[PDB]
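Sequences are here, hints too, so could you generate the full structure?
For reference, the chains in residue letters:
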Amino acid sequence: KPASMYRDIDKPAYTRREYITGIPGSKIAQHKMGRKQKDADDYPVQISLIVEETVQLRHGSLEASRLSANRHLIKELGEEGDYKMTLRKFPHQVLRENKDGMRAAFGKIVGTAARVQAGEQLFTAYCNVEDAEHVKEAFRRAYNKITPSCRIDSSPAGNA
Amino acid sequence: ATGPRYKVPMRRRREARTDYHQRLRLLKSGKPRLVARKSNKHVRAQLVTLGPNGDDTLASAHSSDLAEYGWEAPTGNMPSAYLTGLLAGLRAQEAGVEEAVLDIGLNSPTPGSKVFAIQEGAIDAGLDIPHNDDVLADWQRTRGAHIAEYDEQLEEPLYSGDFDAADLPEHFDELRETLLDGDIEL
Amino acid sequence: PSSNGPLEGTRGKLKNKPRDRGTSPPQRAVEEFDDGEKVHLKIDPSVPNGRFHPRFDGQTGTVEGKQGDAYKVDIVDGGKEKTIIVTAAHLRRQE
Amino acid sequence: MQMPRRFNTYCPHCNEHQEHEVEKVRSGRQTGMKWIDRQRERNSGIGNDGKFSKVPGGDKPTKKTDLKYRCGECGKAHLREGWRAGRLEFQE
RNA sequence: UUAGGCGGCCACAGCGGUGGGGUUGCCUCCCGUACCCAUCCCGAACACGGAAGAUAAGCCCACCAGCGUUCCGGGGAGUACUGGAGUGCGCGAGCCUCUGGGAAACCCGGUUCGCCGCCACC
RNA sequence: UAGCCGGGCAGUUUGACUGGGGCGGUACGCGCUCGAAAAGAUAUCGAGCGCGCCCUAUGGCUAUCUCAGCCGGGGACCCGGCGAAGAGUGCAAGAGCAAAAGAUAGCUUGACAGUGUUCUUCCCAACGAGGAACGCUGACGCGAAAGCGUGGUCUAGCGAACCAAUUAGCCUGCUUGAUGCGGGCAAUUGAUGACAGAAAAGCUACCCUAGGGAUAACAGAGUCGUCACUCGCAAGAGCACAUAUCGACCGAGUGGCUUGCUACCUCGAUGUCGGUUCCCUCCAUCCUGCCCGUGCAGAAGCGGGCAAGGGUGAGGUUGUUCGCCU
RNA sequence: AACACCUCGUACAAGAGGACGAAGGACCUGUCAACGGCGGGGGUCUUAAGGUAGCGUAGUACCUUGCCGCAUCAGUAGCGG
RNA sequence: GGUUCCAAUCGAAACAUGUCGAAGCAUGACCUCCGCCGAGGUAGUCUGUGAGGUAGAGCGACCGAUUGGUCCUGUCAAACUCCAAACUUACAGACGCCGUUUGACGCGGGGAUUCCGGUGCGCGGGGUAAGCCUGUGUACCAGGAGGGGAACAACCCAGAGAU
Ligand SMILES: [Cl-]
Ligand SMILES: [Cl-]
Ligand SMILES: [Cl-]
Ligand SMILES: [Cl-]
Ligand SMILES: [K+]
Ligand SMILES: [Mg+2]
Ligand SMILES: [Mg+2]
Ligand SMILES: [Mg+2]
Ligand SMILES: [Mg+2]
Ligand SMILES: [Mg+2]
Ligand SMILES: [Mg+2]
Ligand SMILES: [Mg+2]
Ligand SMILES: [Mg+2]
Ligand SMILES: [Mg+2]
Ligand SMILES: [Mg+2]
Ligand SMILES: [Mg+2]
Ligand SMILES: [Mg+2]
Ligand SMILES: [Mg+2]
Ligand SMILES: [Mg+2]
Ligand SMILES: [Mg+2]
Ligand SMILES: [Mg+2]
Ligand SMILES: [Mg+2]
Ligand SMILES: [Mg+2]
Ligand SMILES: [Mg+2]
Ligand SMILES: [Mg+2]
Ligand SMILES: [Mg+2]
Ligand SMILES: [Mg+2]
Ligand SMILES: [Mg+2]
Ligand code: NA
Ligand code: NA
Ligand code: NA
Ligand code: NA
Ligand code: NA
Ligand code: NA
Ligand code: NA
Ligand code: NA
Ligand code: NA
Ligand code: NA
Ligand code: NA
Ligand code: NA
Ligand code: NA
Ligand code: NA
Ligand code: NA
Ligand code: NA
Ligand code: NA
Ligand code: NA
Ligand code: NA
Ligand code: NA
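Heads up: the protein sequence lines correspond to chains U, A, X and H, in order.
Position one of the first sequence corresponds to residue 45 (our numbering), numbered consecutively onward.
Position one of the second sequence corresponds to residue 14 (our numbering), numbered consecutively onward.
Position one of the third sequence corresponds to residue 236 (our numbering), numbered consecutively onward.
Position one of the fourth sequence corresponds to residue 4 (our numbering), numbered consecutively onward.
Hints were generated in silico from the structure; no laboratory data involved.
Hints are supplied without guarantee of correctness; some may be wrong.
What the hints assert, rightly or not - List time: in silico BS3-like cross-link candidates among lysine-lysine, alpha-carbon distance up to 27 angstroms: (1) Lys76/U <-> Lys189/U; (2) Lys71/H <-> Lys57/H; (3) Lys133/U <-> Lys119/U; (4) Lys250/X <-> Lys20/A; (5) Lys27/H <-> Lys66/H; (6) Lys180/U <-> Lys76/U; (7) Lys152/U <-> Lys71/U; (8) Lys189/U <-> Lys80/U; (9) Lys180/U <-> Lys119/U; (10) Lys250/X <-> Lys307/X; (11) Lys119/U <-> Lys45/U; (12) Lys20/A <-> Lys307/X; (13) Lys20/A <-> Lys273/X; (14) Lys152/U <-> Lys82/U; (15) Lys41/A <-> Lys307/X; (16) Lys57/H <-> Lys37/H; (17) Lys307/X <-> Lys273/X; (18) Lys55/U <-> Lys152/U; (19) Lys315/X <-> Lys41/A; (20) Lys71/H <-> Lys54/H; (21) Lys133/U <-> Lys82/U; (22) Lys71/U <-> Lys82/U; (23) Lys20/A <-> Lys248/X; (24) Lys273/X <-> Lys44/A; (25) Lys82/U <-> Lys45/U; (26) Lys20/A <-> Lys277/X; (27) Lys301/X <-> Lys44/A; (28) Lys45/U <-> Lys71/U; (29) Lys41/A <-> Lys301/X; (30) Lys180/U <-> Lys152/U; (31) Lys248/X <-> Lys277/X; (32) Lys45/U <-> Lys55/U; (33) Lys252/X <-> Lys44/A.
In structure tokens, the structure reads:
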């Protein structure tokens, strides 16, 4: 189904798992990528992907964009390259669907989504000055698979 | 103590000095309390009323200033107790106080105790206090008879600091009569 | 409201804040008020008896005598006058 | 629930507490001579007979207590309000 | 209050810690069961009787802020949110200007190791 | 005259709610959290879930006492320590409680009779039953006493009139007395759950009337989940080569042909489907004109661009639209 | 069931109970060319039995234009299996 | 479905409780009229004394969710809260306005109509959405002319005796 059905924040927070049963599992394989044993401060450059509009991103989109970005970093740096990316959001809002007409219309559980306010960083990668152009490209592919417009922002890096 | 959400008891509860559940039930009468308290060596009796910033004591007596009228014997016993109650009871009648309710604090209501002796004294002093005759010790033990019979089993003199040998419940009688006089300094 | 009992929607107003938990001081439970006196109505979560209907919480009545140890306080609900039976444990002097 | 066959309680007749015996109110027979019995005969004839054509109501899931409290000394009985009980059994 | 009793507010009073103090005075520990009283077993406790001893506990006094709590400064922040108004902007979700209010977390620095009433007493 | 059978015949009933109605369900009487927008009030076939009892102790008072859980010494028992409350308190949920509202023990029957004040039921603001808080009179239980006990810590566990049975006393029945048998003042118990209370099954296409677009089918209209078509990214394969060609995931859209939703327009009628005949139009192009790329030798293709001038036909099954077949 | 009869009740009556007991019913049996029925499971269970000769994609078969064959250039038709 | 002359004053309800009740009624709310009472009243603001847990925030403050690493590191809540507004609300004083020949506030009585509502904005709940369904506060249309907006119930100005 289309994201047009769930992209806006137009419903109350629905995250209490103590009253919601049958919630589908998340498609997000991993949140901590690269070299998780190493530290974030052990890198010269740090670039985050900033969301420009306040929206809702379904776990399907998080997996697709996280996948297509890290897949690039693995292709250009290797399965054990020097870097570490971070998907700093987890899908908490549960989604319904009215799948009778408008009689007894409360929907059944169909998925999960992460709410991101405009200005927040969805992803944050850490790499050396050399790999700085690869992380940018990996993010270019990432903002192509999520609803909002995005700003690729280099936080600690004056080696431009 | 442990954190923000923690509950610390009221001060007089931490100090193990005030039984708040009994205190409330006491205050419900609307009458002033007769605070009967004892110590290892002494006895005490206060007449307390309620006040905006804390209790107001209108009258009181201590087993120490008992001698001030004739005492020359120990003060942590039955005769001492009764007399201290009567004394306090009389100073009370003088302040315009007419009735009271016995407050025994964290003591036990054992039949024939000193708090009851204190209570009988105040009743004898002319105060209207809710009581039960068959819980107060028999007249003789109040006088100090039980103690005379103890030293009757002498062998080794009971009272170290000489007041006598066989002791004197008669001194008690002399003291009671001395207080029942109307002139006496109160 | 899914139901219509007296304790409906009273979770917040009839619950003690953690630090105020436990039995309350006897001083205010034995307080004395005079007729014509202005008093604030507020239930004490810790005191079970002498309570009034929760809707009246927050009012400011006028003492007009008593019925036993409890007090008779006059108030105006909306535009209708009402007489409330309440103990001092749930009352406070105004001003 | 259980209930003691005898116990102390207020006797509204003597006006002082005394031992009462508890019994279950038995149904007194009908003489069939009351006004209602006569109206049935008078008003019943050809066709439908109004109220006298209706049949017995139904049942509540639990009935209240139907008791008689008898004083041990004056020997008179008084009734009280009942309370819903699925079963009542006296002790002794 | 050179050690006491009854309290109000009920952590600014909690948690933890250092130092000081008592011969016939005070409070304790203390000593002891013939009695009043007591233990579903124990004078442990409760209760009664009493001073040979002690200031080591408690208690009272002075004091330390590490944790917890109260308030305050500066910073966060006039930020977040918001009551009134607009032919202001945006495809739209939404935003912005004017007017009146105004936060929490957190960091740094002070504060707080109780205040007050009645009675008795060297 | 009595009992049985008795649609052969007669009179009637066969409820309401509802994104039309039926089926399903009960949001038809009640309690709690959230919805509810920090006073009060507030809907939907709104989300989570309960009550129509149980208990003589699981009620009441008094005395004595302090629980979960963790640690140490001899997942039963014993000793010590830490431990404001996470235990327990009958049952939903939310709230209350630690020298207790919990545990233990002992005693007791206040789960007592009579009559009220007030709030609630029903915010404001009229309305019954029911409910609760707080008094008074009477008699008791426990405690030294203050005091506590008008059932269970608080909010669910409920039922009118008429009639019958029951409790104690008293009034009354036609000129009058005696007896029998009746009528009445107060109150307890017996059910109406459609729960502020009728005694109650269906078919009609043989149909009939009153009305309604206050409400459905059909057409129109709004939407666009579905449907049709497009675009972004480009994993992948394509002997190597992402982009000759095919192209997942995820993301952004356009149309108004299908389908679904809604109930705005019409029920004093806007004639149905399919077909036929005859006229105009759209482009998201099947052919024809002109172009670009190729995994373009040629020939035959495959993919793409501009382009709506013209054309796009005959037949077999089927009412078919659609679709299969020559 | 009513009448009659008996007991209690009432100076009588109302009323309460009893004895006797018709058709009917319980109970048993017969009956389907009487209303109707002839399944699921396994190699018995419901509820009595568990579909025999035949006929069959039927004017009765949803799936369905079922599969094979005839016939036609092509046959959701028609006929045969 | 229809119900026939003129004018002057005031001017709604489309909601709540009960109903074999939902195309109807009764009782309230609200409109109007009459009589009574005789001095205060409170639509606005300020201050004082009280009530409150929504927005926001945060959670080594409970609770339940939700990451990784050898304490540190990544995230949430209609049915969570160590915190916490704007704001709403009880009472009182002060100022303002109002009332004592226009008698307010209040009380008693006669008469209704009304219980299909709609739209804009704010806050909502359901639903992919809707010129959807269902709440709430407010102003408007209904019953509101005249000016503007091409036309156009509710958007802007504006509330209107005649000349
Ligand atoms: Cl003491
Ligand atoms: Cl009330
Ligand atoms: Cl019974
Ligand atoms: Cl106007
Ligand atoms: K029509
Ligand atoms: Mg709330
Ligand atoms: Mg008849
Ligand atoms: Mg020392
Ligand atoms: Mg018929
Ligand atoms: Mg008729
Ligand atoms: Mg209907
Ligand atoms: Mg509210
Ligand atoms: Mg209770
Ligand atoms: Mg009836
Ligand atoms: Mg009966
Ligand atoms: Mg009803
Ligand atoms: Mg009702
Ligand atoms: Mg017709
Ligand atoms: Mg319509
Ligand atoms: Mg026509
Ligand atoms: Mg084209
Ligand atoms: Mg053309
Ligand atoms: Mg065939
Ligand atoms: Mg006219
Ligand atoms: Mg005129
Ligand atoms: Mg929030
Ligand atoms: Mg509000
Ligand atoms: Mg109109
Ligand atoms: Na349905
Ligand atoms: Na995008
Ligand atoms: Na408290
Ligand atoms: Na007749
Ligand atoms: Na035992
Ligand atoms: Na000490
Ligand atoms: Na009916
Ligand atoms: Na009532
Ligand atoms: Na449509
Ligand atoms: Na569209
Ligand atoms: Na017409
Ligand atoms: Na046609
Ligand atoms: Na053309
Ligand atoms: Na054809
Ligand atoms: Na209406
Ligand atoms: Na109605
Ligand atoms: Na009707
Ligand atoms: Na907000
Ligand atoms: Na208007
Ligand atoms: Na115009």
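For a C-alpha distance cap of 27 angstroms, please report whether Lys20/A and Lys273/X respect it.
Violated, because 33 angstroms separates the two Cα atoms, which is more than 27 angstroms.
Satisfaction of hint between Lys307/X and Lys41/A, Cα-Cα up to 27 angstroms:
With Cα atoms ~19 angstroms apart, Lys41/A and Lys307/X stay inside 27 angstroms; holds.
Check the hint pairing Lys55/U with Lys152/U against an upper bound of 27 angstroms on the C-alpha distance.
holds, 15 angstroms
Can you confirm whether the C-alpha distance between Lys20/A and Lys307/X stays at or below 27 angstroms?
violated, 34 angstroms
Would the hint linking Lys45/U and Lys71/U be met if the CA-CA limit is 27 angstroms?
holds, 16 angstroms
Does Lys273/X pair with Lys44/A here, judged by a C-alpha cut-off of 27 angstroms?
Between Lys273/X and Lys44/A the Cα gap is close to 26 angstroms, so the pair holds against 27 angstroms.
Under the criterion that the straight-line Cα-Cα distance not exceed 27 angstroms, is the pair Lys307/X, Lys273/X satisfied?
Satisfied, since the Cα-Cα distance of roughly 12 angstroms is no more than 27 angstroms.
Run the distance test for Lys82/U versus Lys45/U: straight-line Cα separation, threshold 27 angstroms.
violated, 39 angstroms
CA of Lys20/A to CA of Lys248/X, is that 27 angstroms or under?
Given pair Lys20/A, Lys248/X holds - Cα atoms ~20 angstroms apart, limit 27 angstroms.
Taken at face value, is the distance from the CA of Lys189/U to the CA of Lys76/U at most 27 angstroms?
Holds. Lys76/U to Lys189/U sits at ~20 angstroms (cutoff 27 angstroms).
With the threshold set at 27 angstroms, check whether the alpha-carbon distance from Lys152/U to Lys82/U stays at or below it.
With a Cα-Cα distance of about 42 angstroms, the restraint between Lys152/U and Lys82/U is violated, given a limit of 27 angstroms.
Agreement of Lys27/H and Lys66/H with the hint, judged by alpha carbon distance not exceeding 27 angstroms
holds, 13 angstroms
Of the numbered hints stated above, those contradicted by the structure are hints 2, 11, 12, 13, 14, 19, 20, 25, 30 and 33, listed in ascending order.
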